[PDB]
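Before any questions on how it binds or moves, here is one chain, the form deposited in one PDB entry, in structure tokens.
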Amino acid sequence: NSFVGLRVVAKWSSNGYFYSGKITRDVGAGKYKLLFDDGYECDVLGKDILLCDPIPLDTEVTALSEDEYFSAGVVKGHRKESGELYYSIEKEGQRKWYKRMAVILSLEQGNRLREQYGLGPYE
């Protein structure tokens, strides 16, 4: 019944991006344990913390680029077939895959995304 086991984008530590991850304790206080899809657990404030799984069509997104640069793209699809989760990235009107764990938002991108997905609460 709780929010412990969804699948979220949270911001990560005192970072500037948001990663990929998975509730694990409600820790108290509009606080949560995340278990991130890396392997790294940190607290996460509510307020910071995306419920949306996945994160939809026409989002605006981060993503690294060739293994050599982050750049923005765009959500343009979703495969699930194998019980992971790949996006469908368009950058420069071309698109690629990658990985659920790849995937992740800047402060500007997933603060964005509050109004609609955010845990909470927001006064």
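Under this definition, the rigid core comprises the largest set of C-alpha atoms superposing within 1.5 Å between the forms. Positions refer to the first chain, counted from 1. What changes on going to the form deposited in another entry:
For the listed set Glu84, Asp58, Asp67, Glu92, the sole C-alpha moving 2 Å or more between these two forms on a rigid core superposition is that of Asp67. With the core held fixed, the Cα of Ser106 is displaced between these two forms by less than 2 Å. If you fit the rigid core between these two forms, you'll see the Cα of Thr24 move by less than 2 angstroms.
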Second form
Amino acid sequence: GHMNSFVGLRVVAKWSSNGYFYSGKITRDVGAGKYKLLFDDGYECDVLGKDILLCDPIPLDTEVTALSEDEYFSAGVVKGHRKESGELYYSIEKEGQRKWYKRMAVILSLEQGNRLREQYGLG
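Now show me the form deposited in another entry, since the one above was the form deposited in one PDB entry.
Below: the lone chain, stripped of partners and molecules.
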């Protein structure tokens, strides 16, 4: 049947308006460097392969941004990841304190995502 392809892979992919990379999954390999991306909020749009990071999970010791109520730019460092009942969580350290976050709350600024492009950029 279907041969494994990039379809169905979980990734973090760049949002053009603000340059941040958000958790999502590739739903279609459209061709010519374009992909259809389903972000974890249910929104789907086209994203270029150069703007997709093949991170599932984001690796240890990565600088990331962790969303929480009324906080949009909280930088932290990945210190672990675990699955709790089919859901990925990240352990994020900030100034010697740790909180566990669901996958979709962990995003990357442009600068944070660029640190991962060489190793993890799709195309």
